[PDB]
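Attaching a single structure in structure tokens format; questions to follow.
Yeah, one chain of the complex is gone here, protein chain that is, but the others are all in their spots.
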Amino acid sequence: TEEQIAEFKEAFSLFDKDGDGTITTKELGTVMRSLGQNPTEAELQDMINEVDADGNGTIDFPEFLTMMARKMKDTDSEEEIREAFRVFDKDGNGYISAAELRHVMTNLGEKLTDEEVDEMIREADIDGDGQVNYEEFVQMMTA
Amino acid sequence: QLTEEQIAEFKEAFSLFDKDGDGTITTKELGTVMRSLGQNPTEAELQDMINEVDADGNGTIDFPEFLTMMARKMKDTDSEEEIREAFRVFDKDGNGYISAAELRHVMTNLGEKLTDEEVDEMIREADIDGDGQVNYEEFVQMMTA
Amino acid sequence: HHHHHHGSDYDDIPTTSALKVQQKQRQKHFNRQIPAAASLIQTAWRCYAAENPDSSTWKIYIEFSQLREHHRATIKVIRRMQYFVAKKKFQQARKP
Partner (left out) sequence: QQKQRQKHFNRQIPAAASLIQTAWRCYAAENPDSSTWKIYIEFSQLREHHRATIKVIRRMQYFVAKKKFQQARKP
């Protein structure tokens, strides 16, 4: 839609500081650094490569649009999250303890804040005694 | 009604105006803040605001003066009647109601102008409508809760 | 100067509207109340609406409201980029 397109063109310009029509790793880095983060050169090159389709090391507007249009729902970008919970599920059972969720969430990967995890467990709203229905947590995110 | 959180809050707010860290707020300092906020107020409007706060009459606001204003009661008794009689002025009909159309006008076209979205919020938060009327007598109570 | 030495009790009315001048003074007096009354209500409500972190009253500040729109936009884009990286990188660990 006309709104979405104008949306994406504005978002693109926020990264392409030089207005040369392309996004470089250092441009992405500048944005991420100004946002209070410090990502490694490898992390920037990973992000660019996941979007860059022509393999020239830079993201143009069509490549940008393509990513922003990629489905994150239904069929199955839903397994990877559903089984994402596989590793931490000791019991086969499709539940994981709230204590556990907090641990893996707060101490692994992107780490996350407690307030964010507080939001997670509150929004889940499912827990009989001490177990969390992560497959209803999957359905929640992929609505 | 002074708590340790509240105190640290007000001290931070003061520093946001006193850019120079001189312990005082000048008209040009207030003007700079208001100008950075997308507004352009007249020299008279700025000194008027300062004078309403300045108690020692030196044309500048120090932290105790700032605290005093921020502690001034905005509820009950003598601030509630005054908002009420402000509504009386536009109350042509004696009855304590005013048409939503009129309210929108007075709100949007007089004084501080206000946005339509803000007036939209007013009438929605109001939740009163007998045909087309707004009970301004409970809108006063709403604000002064 | 000199002494009055009482009056005279003399009854007569030589010489000699004000209803026009005071009626205009009364009309102008009320006319000044219209802007003041509206301003009081407007400023009072804006103090009330400011207590709400949401509400449309913060959208009246253009540069900042747009600064928030730009802020959220960049973050939404980055987080999706990080998602697809975390997505691909994952079952690269699930491919024997």
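Each chain gets a letter, A, B and C, in the order it is written, and its residues are counted from 1.
Just so it is clear, a contact is a pair of C-beta atoms (placed from the backbone, for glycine too) under 8 Å apart; a residue touches a chain by one contact, two chains touch by 3 or more.
**Q** Hey, which of B:82, B:116, B:129 or B:138 is the one touching the hidden chain?
**A** Per the contact definition at the top, the residue touching the missing chain is B:82.
**Q** Just one of A:5, A:6, A:53 or A:108 touches the chain that is missing; which is it?
**A** Of the listed residues, the one touching the omitted chain is A:108.
**Q** For chain A, which positions touch the chain that isn't shown here?
**A** On the side of chain A, residues 35-36, 72, 80-81, 84-88, 104-105, 108-113, 115-116, 118-120, 140-141 touch the unshown chain.
**Q** To test your reading of the contact rule: which positions on chain C touch the chain that is missing from view?
**A** 29, 32-33, 36-37, 39-40, 42-44, 46-47, 50-51, 53-54, 58, 61, 64, 68, 71-72, 75-76, 79-80, 82-83, 85-87, 89-94, 96
**Q** For chain B, which residues reach the chain that was dropped from this view?
**A** 9, 12-13, 16-17, 30, 33-34, 37, 48-49, 52-53, 69-70, 72, 74, 79, 82, 85-86, 111-112
Please note the rule applied: only the chains that are shown with their structure count from here on.
**Q** Approximately how many whole Å separate the CA-defined centres of chain B and chain C?
**A** Each chain reduced to its C-alpha mean, chain B and chain C end up 7 Å apart.
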